[PDB]
Structure formats: C-alpha cells, structure tokens
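Turn these sequences into a full structure, and let the hints guide you.
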Amino acid sequence: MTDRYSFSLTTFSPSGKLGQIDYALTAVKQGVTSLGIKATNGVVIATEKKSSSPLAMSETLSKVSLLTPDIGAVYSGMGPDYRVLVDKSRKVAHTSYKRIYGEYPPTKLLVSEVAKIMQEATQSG
Amino acid sequence: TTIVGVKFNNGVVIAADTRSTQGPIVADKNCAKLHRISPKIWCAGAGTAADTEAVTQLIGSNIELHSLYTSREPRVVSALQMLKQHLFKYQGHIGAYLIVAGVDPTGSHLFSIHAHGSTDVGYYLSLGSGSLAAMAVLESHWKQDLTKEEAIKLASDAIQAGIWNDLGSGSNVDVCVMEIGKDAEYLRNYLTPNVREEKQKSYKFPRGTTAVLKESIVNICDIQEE
Amino acid sequence: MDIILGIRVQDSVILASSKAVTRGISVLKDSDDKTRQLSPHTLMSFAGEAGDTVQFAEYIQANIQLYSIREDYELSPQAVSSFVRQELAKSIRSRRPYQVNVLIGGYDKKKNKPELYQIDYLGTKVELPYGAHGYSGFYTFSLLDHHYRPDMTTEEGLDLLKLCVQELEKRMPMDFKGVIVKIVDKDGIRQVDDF
Amino acid sequence: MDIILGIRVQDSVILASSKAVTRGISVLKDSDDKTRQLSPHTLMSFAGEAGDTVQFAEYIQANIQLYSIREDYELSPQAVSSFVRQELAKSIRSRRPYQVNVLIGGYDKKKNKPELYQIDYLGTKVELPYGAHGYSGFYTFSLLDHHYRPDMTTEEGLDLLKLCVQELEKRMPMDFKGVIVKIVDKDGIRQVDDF
Amino acid sequence: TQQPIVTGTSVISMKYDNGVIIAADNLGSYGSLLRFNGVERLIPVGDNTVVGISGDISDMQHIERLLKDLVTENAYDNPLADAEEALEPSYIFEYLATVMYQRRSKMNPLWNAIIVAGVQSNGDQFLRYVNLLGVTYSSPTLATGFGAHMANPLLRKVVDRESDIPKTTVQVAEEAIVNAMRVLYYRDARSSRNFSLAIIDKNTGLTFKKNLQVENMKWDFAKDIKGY
Amino acid sequence: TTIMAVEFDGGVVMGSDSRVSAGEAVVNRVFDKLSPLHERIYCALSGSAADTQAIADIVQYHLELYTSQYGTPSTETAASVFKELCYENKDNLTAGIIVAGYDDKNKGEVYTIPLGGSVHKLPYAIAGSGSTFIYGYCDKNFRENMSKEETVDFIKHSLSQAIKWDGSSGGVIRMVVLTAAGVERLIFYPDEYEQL
Amino acid sequence: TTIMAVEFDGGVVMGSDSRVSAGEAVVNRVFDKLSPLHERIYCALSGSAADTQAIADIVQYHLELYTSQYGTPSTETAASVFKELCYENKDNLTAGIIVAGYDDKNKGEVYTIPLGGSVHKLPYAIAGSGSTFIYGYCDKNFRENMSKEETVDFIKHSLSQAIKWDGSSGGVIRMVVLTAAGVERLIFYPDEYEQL
Amino acid sequence: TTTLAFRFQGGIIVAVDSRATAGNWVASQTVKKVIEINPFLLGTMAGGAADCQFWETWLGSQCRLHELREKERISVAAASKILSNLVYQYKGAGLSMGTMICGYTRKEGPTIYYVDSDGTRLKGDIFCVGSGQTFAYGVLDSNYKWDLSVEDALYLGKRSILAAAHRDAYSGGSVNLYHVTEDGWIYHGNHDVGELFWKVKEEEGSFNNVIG
Amino acid sequence: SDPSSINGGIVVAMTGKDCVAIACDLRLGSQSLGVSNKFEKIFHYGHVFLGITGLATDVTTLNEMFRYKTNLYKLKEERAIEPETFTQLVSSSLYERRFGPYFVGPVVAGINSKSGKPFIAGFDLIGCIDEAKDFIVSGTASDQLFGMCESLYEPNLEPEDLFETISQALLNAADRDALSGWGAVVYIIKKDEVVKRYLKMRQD
Amino acid sequence: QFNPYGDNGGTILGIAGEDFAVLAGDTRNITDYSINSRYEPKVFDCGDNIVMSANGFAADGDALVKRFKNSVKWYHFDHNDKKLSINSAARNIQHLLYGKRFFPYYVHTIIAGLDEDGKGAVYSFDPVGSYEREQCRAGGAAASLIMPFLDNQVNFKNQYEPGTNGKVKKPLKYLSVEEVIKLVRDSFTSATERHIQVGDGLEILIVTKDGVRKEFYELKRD
Ligand SMILES: [Cl-]
Ligand SMILES: [Mg+2]
Ligand SMILES: [Mg+2]
Ligand SMILES: [Mg+2]
Ligand SMILES: [Mg+2]
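Residue numbers (the entry's author numbering), protein chains in the order written: chain A, 1 to 125; chain H, 1 to 226; chain J, 1 to 195; chain X, 1 to 195; chain a, 1 to 228; chain N, 1 to 196; chain b, 1 to 196; chain Y, 1 to 212; chain I, 1 to 204; chain Z, 1 to 222.
Worth double-checking, as some hints may not be accurate.
Listed below are the simulated DSS-like cross-link pairs for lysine-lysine, each with C-alpha atoms no more than 25 angstroms apart in a straight line [to be verified]:
{"id": "1", "chain 1": "I", "residue 1": "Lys69", "chain 2": "I", "residue 2": "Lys114"}
{"id": "2", "chain 1": "I", "residue 1": "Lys17", "chain 2": "H", "residue 2": "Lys199"}
{"id": "3", "chain 1": "H", "residue 1": "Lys89", "chain 2": "N", "residue 2": "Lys90"}
{"id": "4", "chain 1": "H", "residue 1": "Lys199", "chain 2": "Z", "residue 2": "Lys119"}
{"id": "5", "chain 1": "Z", "residue 1": "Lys69", "chain 2": "H", "residue 2": "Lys214"}
{"id": "6", "chain 1": "Y", "residue 1": "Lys81", "chain 2": "Y", "residue 2": "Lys123"}
{"id": "7", "chain 1": "J", "residue 1": "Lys177", "chain 2": "X", "residue 2": "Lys29"}
{"id": "8", "chain 1": "H", "residue 1": "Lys148", "chain 2": "a", "residue 2": "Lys157"}
{"id": "9", "chain 1": "J", "residue 1": "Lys29", "chain 2": "J", "residue 2": "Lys186"}
{"id": "10", "chain 1": "I", "residue 1": "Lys38", "chain 2": "I", "residue 2": "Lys196"}
{"id": "11", "chain 1": "X", "residue 1": "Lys177", "chain 2": "J", "residue 2": "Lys177"}
{"id": "12", "chain 1": "I", "residue 1": "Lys69", "chain 2": "A", "residue 2": "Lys116"}
{"id": "13", "chain 1": "N", "residue 1": "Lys121", "chain 2": "N", "residue 2": "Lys148"}
{"id": "14", "chain 1": "b", "residue 1": "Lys148", "chain 2": "N", "residue 2": "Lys140"}
{"id": "15", "chain 1": "X", "residue 1": "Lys90", "chain 2": "X", "residue 2": "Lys111"}
{"id": "16", "chain 1": "J", "residue 1": "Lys162", "chain 2": "J", "residue 2": "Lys177"}
{"id": "17", "chain 1": "J", "residue 1": "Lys177", "chain 2": "X", "residue 2": "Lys111"}
{"id": "18", "chain 1": "N", "residue 1": "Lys148", "chain 2": "H", "residue 2": "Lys89"}
{"id": "19", "chain 1": "a", "residue 1": "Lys157", "chain 2": "a", "residue 2": "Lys68"}
{"id": "20", "chain 1": "A", "residue 1": "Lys98", "chain 2": "I", "residue 2": "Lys196"}
{"id": "21", "chain 1": "J", "residue 1": "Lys182", "chain 2": "J", "residue 2": "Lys113"}
{"id": "22", "chain 1": "X", "residue 1": "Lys177", "chain 2": "Y", "residue 2": "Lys123"}
{"id": "23", "chain 1": "I", "residue 1": "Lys76", "chain 2": "H", "residue 2": "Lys201"}
{"id": "24", "chain 1": "H", "residue 1": "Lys204", "chain 2": "I", "residue 2": "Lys17"}
No lab work stands behind these hints: they were computed from the structure.
Written out as structure tokens, the structure reads:
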C-alpha cells in the first residue's frame, strides 16, 4: 500500500492552463446557483435546496453552514467537497486563531485559511 | 479556593469564591473561577490556575467543534470523558481539579474530576482548600428535592463557610444556575460581604514630589508620510 | 577557564584573558589564548567548562566566516552578539548545555564606535563600558567604577587594566599566569606582546 | 592546604613555609609565619585546619617551655617529636580531632646532629632527610630524590630548596605568596630574610 | 522523638451562656484498623472540669494518671480541698500546658491535642487548647485534628463572636455539637458512631453522657446513584 | 475499599462498600464501585481510582467492539482483556480487579486480577483494604451451590465485618445479582448491616 | 505470630501458634509463646523476640519480689508492670503483649498492651501478624460466659484460620487454661486443626 | 555586609555598611556593625549579628575585669585572644563570626586582629570582611599609604564602603566611620549611601557608568 | 539556584482616569554582583506595553518572540494588536511551554484604541491571567509592591497624580529589595501620547 | 521525625513617637490554612511601663514573655523595687534569647516604652538575641508589606519638596499619637487585604508617662 502518488496531478499545459483547476470551475458552473449581497447593517447569503428525491428530508442537508458565530458559508458545485471544507474551516478557526488569541478570526483571515487548504489540493501530491 | 456543585429539582447550581493566592499573598481579590466549557455546561477549577483555565478552553473548543459536527447541543458526559482522558494521559502533571455541572437534552448532571483522571458523581460536591468547610455545611443542610432558591442558598452558604474559615478562600461568591429548558444564568459577585473599609488617610502626593532625571515623548505611532 | 576582562575606551575595545590552563592538580599550560577572531573587526574572549569553551568559540567563528563569504559583508558587532546570545539561549534548554561565558569586543565601521558586549552561558546579553565573568568583576569593578572615563585613550585603558590585573595578582588565591591583551579598533585586531 | 617543606643537611635543618593565608575568596595575608620555636634548638612548622593549627602549635610550645623551666634542661628533638606524636595520636579518637600536620626541625646538642621529623594529624611520625605535607611532596620529592646528598652545606640546601619552590610556583594552581625560610643548627634558630 | 501508634480522632467543644460543652468519639484506631471501640477520651477532674484528649492513647493514659495524681496531691494538708482550694479548670490547664511545652523542649513530646473545658469559681466559662508543641489558644469554639476543619465552621455559625455566647442556650449548643459529631462520622475515615458528651454548667454542674450514638443519618439518596 | 464476588446455584453475586478516601478525609461516602462492562458482566475496582476507571473504560470499549463482530463475549474473554491491560502496563498501574459474569453455557464465573496482572478463576474472590479482616470469616462460611438469599446474607455479613474494622471502608453495601433472569441491583444501609 | 486470650465462665484461656521466623526461614517450628509470670498469670509475646523475652524476665522478677512482700498480685497489677516497661522504653522496644490471669475475687481477666505501651482490658484480645485475618471471624463468633469446651473450640478454630492465611504463623496450637482448679496445658497438631 | 579596618600613621580607621538582609528582603538599613567594646577598643560585626554583638559585649566585661585586677589597660593582643580562645571552645557548635578587634596602646601602637569563628587569629595592617569585601579591597590596595593624613584616611575608608555598597546587593544603607587613637576611638558620623553616592560622583568624577 | 531571583528586578502597572502607567527598575545582576544599571524591562508593540521580570535571558527572548508575533499579526490583520488580544497571545505562548517554562512574570499595560478603556493584566510563568482593575505587581520585591500599591492606590487618578503614586510604589519597594533598584523608568500612557520618565534613586 | 517548631502566623508593628510609643498586633492565630482563634492576645503589658510581643511560634512566644515578666518581678526583689529601664529590659531579653542560641525561640521580638529621658523607644530582636533601638519596626507574616509603606509615610523616603525636583528632601516633622494610630490602622487594613494570615482584629497598646492604654479595632474575618 502507502500513498505512492507523491507527484502533482495538476500541471501546466503548453498554453499555461492548469487543466484540473479549469475542470473544477466547470463542475462549479454545473452546480445550483448561490448568491451573496452585502448591506450597510448586514450581509445575506442564499441558495436553492435542490432536493434529489421528495422522500428525502432536505432540512437534514445544510447548504448554508455556520463557520463561527459571526461567519457563514454557502457553495456552488460538489456538496461532499463543501461538507469536508466546512469541517476543516470550523477546526482551523480554532487551531490557527481562537486557541492563540482567545477570539474568533476576522472574516478575511478565515477566508485566507480556507483558500490555503484549496490551493494545497492544487499543488500537493 | 472553595468550589461547590448542588443538584436541585429541575437543574444544577455551581458556586465558587473570588480569591486567587500566590502562597500567603493574595494576587486577585475578585478572581472568576466559574469557567464556561459550553453555553449550558459550566465548571469551576482548583489546583494550578493556568492548568484549570487551559484544560477548560481546550475541551470547550473541541466540544464546540463536536457540537457543530453532530448538529447536537453538547453533553456533560462528553466534556467529562474528554477531560478525564486528557488529564489521565498526563498522569496528574496537569494539576486541574474541576467540578463540572450542566444541562443537555439528556437532563441535568453534576461531576467532579481530579488531576490524575479519576471522576466522582453526586447530588452535592466540594473542591479546593475550603472543601471540608463547605462539605460540613452541605452535609448539615442538604435534602432530596431542593428548589432552585434552596439550592442557590445552600451553595452560597457552603462557599461562605470556606471564605470565613479557610485562609486559602475569601472575598466574594460567584454562582451559575443551569435549569433544564432555560438559559444558564451566570451571577457574578452574587454576594459581596468583604468590601474594604475607607482608609484613615489619603496618600495622594503633591505634584513634583518624585525626583526626575530625564523626560521624553515615546513614538507609539507608525512611520509618518512626507 | 578563569579571568576574562573587557574595557571599551574612546576609539577601541581592549580584551585581557588569563594564560593559565589548570586540569585539577597541575597547570598544564601558561600561554593559552582564550579568544577567537569572528571577523576582521570583531574579537570574542571566552571562559567556562573545558572543551565546551573552544568547541563553542570555533562553531561561532565558522558561522560568522560563512555569513561574511555569502554576503561579502562584515556583520556589525551588535548583529554578531545577538547571534551568539540566541545560540547560548537555545543551548540552556538543550540535553547538555554549553557552559561558556563570552565577551565580544568589536569596532562598528558604519558608526565608527567601539562596542563591548557581555554574554553569560544562559544567554544574558548586556552592552557595557567595561565587563568581566566569574569572580574577575568582584576585584576589578571598584577600580573601573573609580578611574574609568569614556574619553579615555587606548594607552590610558591599558594603564587602568594593569592596575586591575595587579589587584587580581594580589588578592586572588589562584595563579592565572598573567594575561594576553588584544586591542580592537578601526584598523582591526592586534596583540600587545609586552604586558 | 599550605606548603611546608623540610630538608636536613650536614650540620643544620631548613624549614620553608608559605606566607599566604586564604579565607575562601580573598588572600587575607601574604606574610604569615607558620612556625613556633618549641626550644632554643627546636623549630616546628605546621599546616592544616584554620584555628586548630596555631592553637595546637602554641599548646605544644607552652608544654615544652614548662618542661625546660621545671628541669632546667632542653629536651632532645627525638623526645619533643615523641611528645607531639602522642598528643596527635590522642587527638584523632577525641570528640573533635585537630586536623594539623607538623614538621619538627631540631639540632641535638648531645649527638651534634640535625634531625627532621614529619608527623601528620593521625600521629604518623617518620624521621626523614627531607619531608613535606599535603601536595608539596608530589612536586618537590622528584627533585630532592635526584639532588639530595647527606654531606650538603646549608648554602647547597638553600639552593636545592629554591629549585623546589620554583617548581611549586610553576605547576601549583594556588599562589602561596612565596616562603619564609628558617635554619636550625648548633647556634640555634635564625630566619633567611631574603628568599 | 516517637510516632503515635493507637490514636483517638477529633475532640470538639464550644461555650454557651451558662457553661461549656465538650464531646469525643469512643474509638482507638491502629492506623486504618478501628482496633478499640470502648475508649473514653473525656476525663473529668472534680465536678467543674473535663479534659478532652486526641492523638496517642498511651500518652493520654499517662496524662489521665497525672490528673488523678494532681487531685490526690491537692487534697494533702488542704482542709478546703472540696471548697475554696479545689482544683480550677485554669489550674489543670496551666499544669498540662507546662508539661506539654517542657516535653517538646526535651524533644520527647506527649503526642496529643488537649482541650480543657470547665467553669471557674466565679462562674466564668473556661475553654483553652494545648498540643504536643505546647501551643495554646482560646476561642468560643475549639476542635482538634479533623474537627478543626469540619466542626469549627458549623459551631462558629452558632457562636461567631464573644457577644453570641450569652445568646446561646445549652439546648442550641448541644444540638450543634451532636450535629457536628454526625458530620464528622460521615467524613472522618477514623471516626466511630459511638461518642461521649460532657456539659459543665455553672448552675446544674457536670453532666457526663456515655454511650451516645449518631442518629437521623441520610443514606437513602445512595439508591439513585448508578455508575461513575 | 471492600469488594467480593461469590459463585452460587442461580449464578454470581458481586458486593462492595461505597467509600472513597483521600488520607483520612472521605471524599465520597456513596460511590458505586460495581461498574458494568457488558449486560451480565460487572467488575469491582480497587487501587488507584484514575488507573482503574481508565482501564474499565477501555475494556467496556473492547467488549462493545467484540460484541458488534463476534457476538456476546464470555466472562473469561472479559477477564483476559483486563489482564492484558494490567500485565503489560504493570509498571504504571495500581489496579486490583474482580470480574464477575453470567453466561448460559458457563453460568456464574468469578476471576480476580491482583496488582501483578495475573489471573485466578475462583469460586469466590475478596479484594480491597478491608478484605484482610474477613479471610478467616469468608473461608469458614463459604459453601458451593448456595441459594440467592444465602449468598446475599454471606456477602452482607462479610462486608459488614470488613467495614467494621477497615477505616478505608464504609457507607452503604451495594450488590449486583447476575442470573438467567437478568440483572438486579441491591443496596443495604448502615442501620441494617451494623446490627448483624 | 498468632496469639489470643478469651474470658469464659470458668476463667480465661490463652492460645498461640509455635512458629519463629527469620525472613522466609522458620528458625523454630515448636516454640512455646505462652510464658508464666506467676502461677495463674501468663503472657503471650509478639514483636522483637529479644525485647519481649527481656521484658517478660523483668516482670516475672517484679511479681516474685511483689509476692514475697505483699502476697499474690492481681492480673491488673501484672498488666501494669508490663505497661510501665513498654511505655517508658517505647523508643527502644517492639513488643505487643496479651496478659491473661485468674484471681478468685476477679476470676478471669484479659489485658492487651500494644506497641505504643497503652493498656486495654477486654473480654478477649487477638495480637500478632496472623490476628489481622480473624478480626471478622472472632467478632462474629465470640460470646460472653462460654464453657471451657466452647472457648477451646473458639480459639482452636480462630488460630486455625490465622495459621492458614499468615505465612509468619504455623506449627502446633498450644493453649493454657487458667481456672480455680489450677493450670492445664493443651496442644493441638496440624492433622487435627487443618481439617476444621 | 562590608566591614574594613586599616592601620596608618594617625592610628586605625574602621568603616562599615548598615544593611541587614533575610534572603532578598532588606530587614534593616540602620544596623550598628561597629561594637564599642570599651572607649579604647572597637570590634566589627560580620556573619552572625547576635554572635558578634553578644560575645564582643562579653569581651568588654572581660577587659574591664582585667584592668580592675591588673591596674593597667589590656593589650589588643590579650583582648583579641580572650575572644578567639572563647569561640574556639564553641568550634563545631555553629557560631558564625568574622571580625576585626582594633585598639591603640603604648606598648603595641595601633593594632588590628582578625578573629573568626573557626578559631583564626591574625594580626595585620588592612582587613576587609563581608559579601562586599572584594570591592572594598580594590579601592584600599590602590590608594593605601602609611603616611596618609587622618582626613584622607577617613575618606579612603568611606569611599571603600561606597564602592562595595554600589556593587554588592547585600551591602548599603549608610557608612559608619571611626578613628582609633591612643586616647580612645572618635566617632566620625553616619553617612547615607544614597546621598553620599551622588556627592562623591559629582566631586570625584567617578561612576561615569551611572546617570545622575 | 532559583531562576526567578538570579537577575532580580520588578515591574508594576496601574490604571488611572483615561490612562495607564507601567514602571520598572533598571538593575541586572548575577545574584549579589550588580552587572547593569540600564537593563529596561518594559517593551512596546505599537500602543501595547509589556513589562517582564525574572530570568533576564527569557526577558530578552520573549521580547524578541512577541515582536516577531505582533509584526506578523499586523501584516495579516492590517491593524495594531490590542491589549486584550495581546494578553491572550502571552497566555497562549507561555502555556505552550507548560513542562519547560520561561522563568518570567510578565505585565501587559495599554488603552484599547477603539473603546478607549484602560487595561492591565499579569501572568504567572505558565500563563495564568490576573486581570485586576486596580494594579499588577511582578518581580523579587512583589510582596513590597503589594504593600505599597494596596495603601497608596486610589481609583480614577489623573495622569500626573498616577505618576507620583506608581513612582513612590516602585522606589520604596525597590529600596527594601537587595536585587532591585539601580535606577527606574515610568511610562504614563494616554490614548495618543506616551511620556517616559527616568527617576533619581539611591544606587546601592 | 518530630518537628519541635510551628508557625502561628500573626503580624506586629512598633512605632516610637517623640514622647510616646505604640506596639500593635493582629489577634488572629493560625496553623496552615485553619484559624485557631480570631482573638488570642499577642501584645502584653509586662509592668514598669514596658509592652512586649514575641511573634512567630506562639509556644516559644508565650514562654519568652512569661520568663521576661518573671525577670521584671525578680529585678524588683533583688534591686529594692528599682524600675527596669527599657534599655536594661532590652539587654536582659538578649541574654534570655541567646541562652537558647543552639535551640532558639522561633520568634521575632519587639518591646516598646519610654527611655530614661521620657522619649519614645522601640527595640527589635532576632531569634538568637541580636537587638537594636529603632524608630519603626514591623514583624511577622506581613512585615515585607508594611515596612516599605512606613519608610515612605513615617521617614518620608523618596519624597522631595515640590518645585526643587530632588534637590530638597521633605523635612522629617514629628507625628502625634493620633497620626501614628492612623498609619498603624491603614498598615493592617492593607496587610489584611493581601496576606491570608492577617485579619480578625487589631489590638494596639499605647505607652505614655501616664501608663499603658489599649485600643481594639475589627479587621476583615475572611
Ligand atoms: Cl543593557
Ligand atoms: Mg468504617
Ligand atoms: Mg547594593
Ligand atoms: Mg535595593
Ligand atoms: Mg485576611
């Protein structure tokens, strides 16, 4: 066994395109529409609960997730990929900030940490 | 330090004194020993002050993540299990002695945990240098089916025993009441029976009393423009 | 090792370091140089546990000589002292700490100023007009506190140092077999061969 | 401890004893005479625990001076050494033993012979051509073994003693601040004031 | 220097308006072994004093003999031995306090903590403590060993300052003492259910109660507790 | 601590006191020392409270995992998992454990695991500080194939004596009866067992 | 060592084992631990063999000199002499002594003097290394006003158990019966008491 | 603690600090570390405060009994030896004492004996004892001459204590000066180290390292 | 031997009306030997001030560490760290060495730039936070400082009054400690001006 | 092993006025974290206008005070009822303390009274009998908390005259008995807040030419 894929699966093509990032963006394009609007005294994020079956209980599937008491996240694309990113985002908010400074991270820095996880999946083996 | 936890009809109450000591010296005359693991799970710590505070925030952090992961309000038995497994792994080198109380979907709970990783269950518990003073009051006045008002009374009376009779304890009484199907109410300085009397004299000095060698403005601002 | 002194005068730093090396019962040598040139305008004297003293001094020397070649530039005395302090501060919480005390006498070519730094084995750094390690301070500091002027000449500094060594030779129980004296100025490092 | 040497030549005994008195950190004195005249033709040098050394020496001196007056007669060096040995042999099994080592240099007026006796704090007496206590022997005995001849003059004895002190001043860690030298012969006891 | 072998635990006591109360359980422990169950640790001296002793029982029995000898000696050539020149609590205490301090000063202590409870000739309440170090102190409430930690806090809620003593009846004082003995039985691992209680009143004199038991105990909440 | 397990006709009975002591202070006077691993497998814990509670939690985990894969474990299997933890970590543990369980094939069984981390299958086992005082009594009063009532009386009388003499023991006598019928908890208060 | 004295209707009975141990080695397996000080006053010795034998010899001398002057001493008097020696020399002694005697006015009396040098008058006393295992048994089985035969059976059964469990105890059970009739010596061998 | 005494043409100068410490804690800044045995004999306090006080007061009693019996002033030699013989009897018991016995008689002239609790008795010209002794020696050794004036000798003793008071953590408070003549000792006042330091720094130009 | 009393030295912090004060002695020593009279124990990262007593090597190391961390904080946050946040960072940083700690007694002082609220805090060597309203004390003369501060202090002192109170509290505490003194500095901190005053004191 | 010494805590304070002297002490007696007594007198009138306190180990403290009181009684018998002067009392206590040099009284002793010129006097002793006349001395648990305050507020240390900036010291003006008692009360109030062994009650004995007067004040009981 052992993970013997220690090399990049995302690589530059002769035209300078990173194929796997482009294709990932294509998957996002197919995904259900989600939006965000910033007001003077708040922000709103919204999406459609595209229920796969009417027998399914769509309340048990959360597309809009709390990351910190003052930060929320919504997505478009692959739901499972979103769910694990929310788990990583919630944890990194604690490990790389709250357990150091005794307060929740500002929006931009938590976004920065989520961004770093998504960049690494673009270059890591 | 004097800490008590008392079970009542529809919940649990936790109380503590407000004195932190560096041996014989009193560092803080109004310390806050009542810590929050989660909104409806509060605990109070004796022993190494850094350790009790640190171990609460770590388990409190992991409990919040667990709650988010499971979409469920955190349970006292979870906080309990995580605290004892952490403290046991460090074989008492983390000197954290806690009384853990709270309400969850299961009901109301009251546990104690020692630095080595042993845990205790009961309807009334005490901890710290003033635990014997407090336990004397609890053993004298505790009864089954206490009301909220009776439990707060018994808890604060048990802390007062510690304040007066134990040198390790003093100053004020902090209380937190955790009732089922309600928000946990944190009552800070619930009792203040140790206010210092006005001094005989003012020690405000005439201006220019101290001898000065040099003076200078300290630049706290960043490097300026132009 | 025993006595290491340092005095920063107007236009130079003077380091005096004992010549004796004693292994318990016998004095094995009476001509030991307890110093290393870190850079052309930076000198470090050292005293502490046998073996560790030279091992540490040569290690520091190698690291500063490496930096000099890489950047084609001589680090300021301040920069060198900060590097040495960090190495000793790292060392004290190691499995087996370096038991070494050092004086760093350097001439800053940018500021045109002599600089003396005292660092003990714990990594306790101080910038001083004059310094020592061990018991050397106890005998000499009362003379230095009295006679020391910041506008002192190199020759005046040497005269005050002779008075300090004389007081050591009188009241110290141990025979440290005199001192090797070295001057650090704008022209670099030279040894006073008659003291 | 402090260095005390002895050498018995043709017609005299020479006792060399260090001048330094060190109390831990500082050398309090550099002119201390570590000897007592027991009788006109008997001298005792001593080294050991502070206080006990002088207390013992003066106690012996008093007892020999008492005997001298009572009998109107000077005891032989051998008789004085035997008395001193018994007092130290008694002392070791006491509640608090004297930690004192002595050399007894005497000229026997009956036999017309110089005599040197070495006695340690245990009461271990030996008659020797040359003796020492503590570490003094370790440095000097190799030189004495080589050069010593029983028909040596006092001047030759002093020259061999100078070579012994020179070796001590080279290889001993401690500064003992030179030695006071005293000669014991038929004419009594005198001090060599230049050494 | 020695170590205590057979030991007795807490002696508790307090002042009330007309006199003093003192109590001590009837156990002689041998480490963790509850070896002897019929040991009297309150020893009356005349009709005006009760000496309560904790710590080494062999040293207690010695002190018991010293006090017996003190009564005999006081009666010698003393026509007023049962009147004006009877032994006072203050006399009995100072004697013991002298012996305790002398013994610690020879590095051979009587390994005890002693409370002398009694009423003086003028009707003044006497209550004072002495231990193996010869340390002495007086207080409206006194307790030894474990009692100091658990009993005093409860007894001090009745008599906190001196001004509370005249306001405290014998019924309230005895009730507090009996409750303290129950709490000590719950929480002291070297305590027994059986105890002795002595009341020294300036009006009704010395009342000595033997074979008293801890009663009205709460255990019924044990059935509810399951697991840890 | 005073704890004992007894093999009888119906199955097995485990008994214990309820006192947890720190020096001469009783920290808890109503502690439950009979903690279940499985439905009809219980353990009695003696020694370090931290060490014993930590091990009991790990065994309960192993038996829960075992059941999911291989069905109901035997009492022998439960004892074996205890011994493994106690024996391998004997240098860092102070734990004396009695394991009592009921199979339908093997009926009632009792295993004792003293400090060393050895295993001993016995018709009855005594352990804890109080046990030393009732070696004489238990040896001369234990019979094989007693009734439920006889076994309850034997444990009640035994732990009564061990509580009377041992300062480290006291409080209520708790008992757990493991039979084909199921699990029955019993409690006996001082006023009852002291007058025996 | 296992020793015990019991008060009964007729008088008092003292019992003991016969083993003297040096570490694991049994030095003597048939030692007589019941020593007379007077005609109807005996003592059972536990602790340091040197210390206990030395004290016993002195007490015997004191009671002999007492008898020459003041006539037969009380059992209380004999116990008092022991306590005086044990208490005053508690720093240099390791002696635990049971004293059992028979007066005609006081009849049967038992006194124990533990390590401390304290005195306790008891209906019955147990002492020595083996006694710790029979605190439960002796407390449950002792009655006041037993017959000679009942008291012999009680001591035989008690010391039997204490020998069974204690490695420091063993050999024969020697007993001394103090009554108005006089002094009777009894011995019971392993083959007899082991099968009880 | 810092105590010194030195012999010169004008007699003996005795200078001491005033600080007493229990660990880091400064118990007193107003301690008399010169014991006035009698009007002609001084003794310095170092090691055990009680040991030095008690036994040098006792020495004053022995000296008074001597001159009552012999009708003649006790020699410094005799006075010093009474104390050294006494402490030697207590050797091992745990007496802590390091002191200089100072006196000026006809037969002897100005005389100083270092007496110590392990039984040492040394005659000498210059002695320094205490935690700050090494600092005081430095100033003494480099400045000392026999032909010092009483004024200059008094200053040298004052300046030597200041040197120790500055550097040694366990020395300071104030300086006590004494001048021993044949007709008895003369007290030359109490000098606060706090005020003395700034005064000396300015007038002397020393302690440039310190900002004032 | 005791690492927290080799070098010596003290820090004291107080709260006044719309102001805070932090003060320290200037002594560094090797037990009895005085080594330096210029060893300042108060540092600042923007408008947040940190005093550190105890082992001098750790005082220097933690200053270099907190400069390092507050510099990275500013680059990422795009704003200067506040006293409340910095307190938590000190606590976090000390406790991460629980079983090999820095032998220090840190003291935080500063005014929150947004709320304008005066803030002080103290820590034991493993990072337990003492957040007192009145005053914080640290060092080899902490007992002496507790005595001075308890009697001399009254709430809501104006900047130029608070200076006299904290100055007298330090000076008299230092004069009763062998291992403290050799000069003193006092920082008077207002929302947007900080004054630094070197005190004249006895040099023994 | 047997430890013949213990710590009963407590704090005492002696201040010498111009024509008076006060000796104050808290009335709390403790071992470890327990309170033995909230009122156990610690400062004693010993006769001849002398007040004494031996703070530390209460057994050794009671023993010394008892033996000194005895010494005063026998001084009267032996020397025709002569009044024992404070300087003579001080020297006598040195000999009592040093008598047990090799098994000391584990106490810090302070006595207060008037000297033979009628001026206020305080003498301070170590456990083994070293003693000195002092203006101002605190002893026991909270001595380190009180003395720095007294240096500042009695002796005016580090206080200079406004406008001179360090050039002119604040002049040492004499304090009244009312002024001293204010500083004593504020000392103990401050000590009570920050030291766990200090509290319950404060008892002050004031000595003038008219005799010995007592004042008692409540302290916090926590
Ligand atoms: Cl610096
Ligand atoms: Mg029990
Ligand atoms: Mg100083
Ligand atoms: Mg200072
Ligand atoms: Mg208080």
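For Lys177(J) and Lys29(X), compute the direct alpha-carbon distance and say whether it is at most 25 angstroms. holds, 20 angstroms
Holds or violated: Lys89(H) and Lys90(N), Cα atoms, limit 25 angstroms. holds, 16 angstroms
Given the proposed pairing of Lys69(I) with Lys114(I), does the C-alpha separation stay at or below 25 angstroms? holds, 22 angstroms
Mind checking the alpha carbons of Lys90(X) and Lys111(X) for me, to see if they're no more than 25 angstroms apart? violated, 30 angstroms
CA of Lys69(Z) to CA of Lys214(H), is that 25 angstroms or under? Measuring from Cα to Cα gives roughly 57 angstroms; hence the hint is violated.
Mind checking the alpha carbons of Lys157(a) and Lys68(a) for me, to see if they're no more than 25 angstroms apart? Answer violated: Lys157(a) to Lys68(a) is near 36 angstroms, above 25 angstroms.
For the pair we were handed, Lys148(b) and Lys140(N), check the Cα-Cα distance against 25 angstroms. holds, 22 angstroms
Take the C-alpha atoms of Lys17(I) and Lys199(H), compute the straight-line distance between them, and say whether it is at most 25 angstroms. Holds, at about 21 angstroms.
Given the hinted pair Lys121(N) and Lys148(N), is their Cα-Cα distance within 25 angstroms? Holds. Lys121(N) to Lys148(N) sits at ~21 angstroms (cutoff 25 angstroms).
Could you grab the alpha-carbon distance between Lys69(I) and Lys116(A) and see if it respects the 25 angstroms cut-off? Answer holds: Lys69(I) to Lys116(A) is near 20 angstroms, not above 25 angstroms.
Is it true that the CA of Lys148(N) sits at most 25 angstroms from the CA of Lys89(H)? violated, 42 angstroms
Next pair to validate is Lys199(H) with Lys119(Z); report whether the Cα-Cα distance is within 25 angstroms. violated, 29 angstroms
Going down the numbered hints, you'll see the structure goes against 4, 5, 9, 15, 17, 18, 19, 20, 23, while the others check out.
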